[PDB]
Amino acid sequence: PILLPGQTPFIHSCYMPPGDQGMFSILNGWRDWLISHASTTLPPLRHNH
Amino acid sequence: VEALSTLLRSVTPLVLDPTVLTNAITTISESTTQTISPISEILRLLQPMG
Amino acid sequence: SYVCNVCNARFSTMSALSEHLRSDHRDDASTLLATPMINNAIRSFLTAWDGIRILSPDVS
Amino acid sequence: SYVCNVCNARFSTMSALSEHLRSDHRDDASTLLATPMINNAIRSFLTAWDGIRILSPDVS
Amino acid sequence: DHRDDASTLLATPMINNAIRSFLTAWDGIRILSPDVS
Amino acid sequence: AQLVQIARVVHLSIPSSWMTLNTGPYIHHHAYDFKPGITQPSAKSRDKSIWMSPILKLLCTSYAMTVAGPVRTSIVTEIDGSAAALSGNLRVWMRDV
Ligand SMILES: [Zn+2]
Ligand SMILES: [Zn+2]
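Chains A, B, C, D, E and F, in that order, are what the protein sequence lines are. Per the entry's author numbering: the first sequence = residues 884 to 932. Per the entry's author numbering: the second sequence = residues 473 to 522. Per the entry's author numbering: the third sequence = residues 116 to 175. Per the entry's author numbering: the fourth sequence = residues 116 to 175. Per the entry's author numbering: the fifth sequence = residues 139 to 175. Per the entry's author numbering: the sixth sequence = residues 1178 to 1274.
Hints in this document: simulated from the structure, not taken from any laboratory. Worth double-checking, as some hints may not be accurate.
Listed below are several chain F residues computed to face chain A (Cβ distance under 7 Å; list not exhaustive) [what the hints assert, rightly or not]:
| id | residue |
| --- | --- |
| 1 | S1194 |
| 2 | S1239 |
| 3 | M1242 |
| 4 | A1245 |
| 5 | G1265 |
| 6 | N1266 |
| 7 | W1270 |
Note that the Cβ used here is the ideal one computed from N, Cα and C, for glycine as well.
Construct all of the structure, not just a fragment, from the sequences and the given hints.
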């Protein structure tokens, strides 16, 4: 991806692996922003994850 | 007391580096199959407010 | 301003909220005392013996 | 508009935000920011590069 | 807050598999009922 | 068995784009699955490390290769669940398929 919401463009290298690995790596970097942002924007879910 | 303490800290060649102790400790080999590792505990004791 | 969802405190920056979420409503430190294969047994034991709970010094 | 999720300042363009991140938060370690860390890594990269030629210079 | 966060396999499957198979194999040896007897 | 040989058991493979790079030594001794001074003890793989560590290393190097810029050392810092729980679920899935 070129730019994710909350990030800065052009931070992902072309050597990013396809498939689940690419997904995991992206989410791993994107983790904290997603968690914090979700808390502000949405009500909490009903039981722990 | 605060006044003197700050004055002391202001002018002193001494430097406190917490890393040196952790490095000296963490590098000790141990078996991973024991249920209690003393290394983790002693780290957990002095880590707070580091 | 940015807010929590558990204690619902408010923060002036998103970064401050993130670290709070990583520190307050996280797991306790006592969980790290032992292996999970024991901690589950410990939890079962305490739950089992909850009937021995000491009464408050008001009903007595 | 865009917000610097650390200092909570607002910016009209991603360019202005990026320049602010590179300039202001040059040494921060907040996980919400990536670019200062990479730039820091690049600085380490250069220091290693010095270690190379310092014991292997170039002759005419 | 928690519902099932403590749930895993909680015993060695190899032992249980060996046990389970053994009991099933010798299940034919079991006793007769007094009615049948 | 080699790192990739065992890691492929869960379809963790090397991207074709990497085939022109000398990734071997990095995966071998640069992707710390358990650095003593950094990792939380909850993530200690213990005896199953014989087949757990390659998986973690593959995940680590994949993330490191993802970001732009120079290659950096990759370190597992924490598993939300215990490493034992992770291994148990993996064994279940391995048995399922
Ligand atoms: Zn809160
Ligand atoms: Zn800022």
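Results of checking the hints against the structure:
1. Residue-level restraint check for F/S1194 holds (minimum Cβ-Cβ distance to chain A is 5 Å; threshold 7 Å).
2. Hint status for F/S1239: holds, given a least beta-carbon distance of 4 Å to chain A, under 7 Å.
3. At its closest, the beta carbon of F/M1242 sits 5 Å from a beta carbon of chain A; the interface hint therefore holds under the 7 Å criterion.
4. Taken as an interface hint, F/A1245 checks out: its beta carbon lies about 5 Å from the nearest beta carbon of chain A, inside 7 Å.
5. Residue-level restraint check for F/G1265 is violated (minimum Cβ-Cβ distance to chain A is 18 Å; threshold 7 Å).
6. Restraint check, F/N1266 versus chain A: the minimum CB separation of about 15 Å is more than 7 Å; hint violated.
7. Because the beta carbon of F/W1270 sits about 13 Å from the nearest beta carbon in chain A, more than 7 Å, this interface hint is broken.
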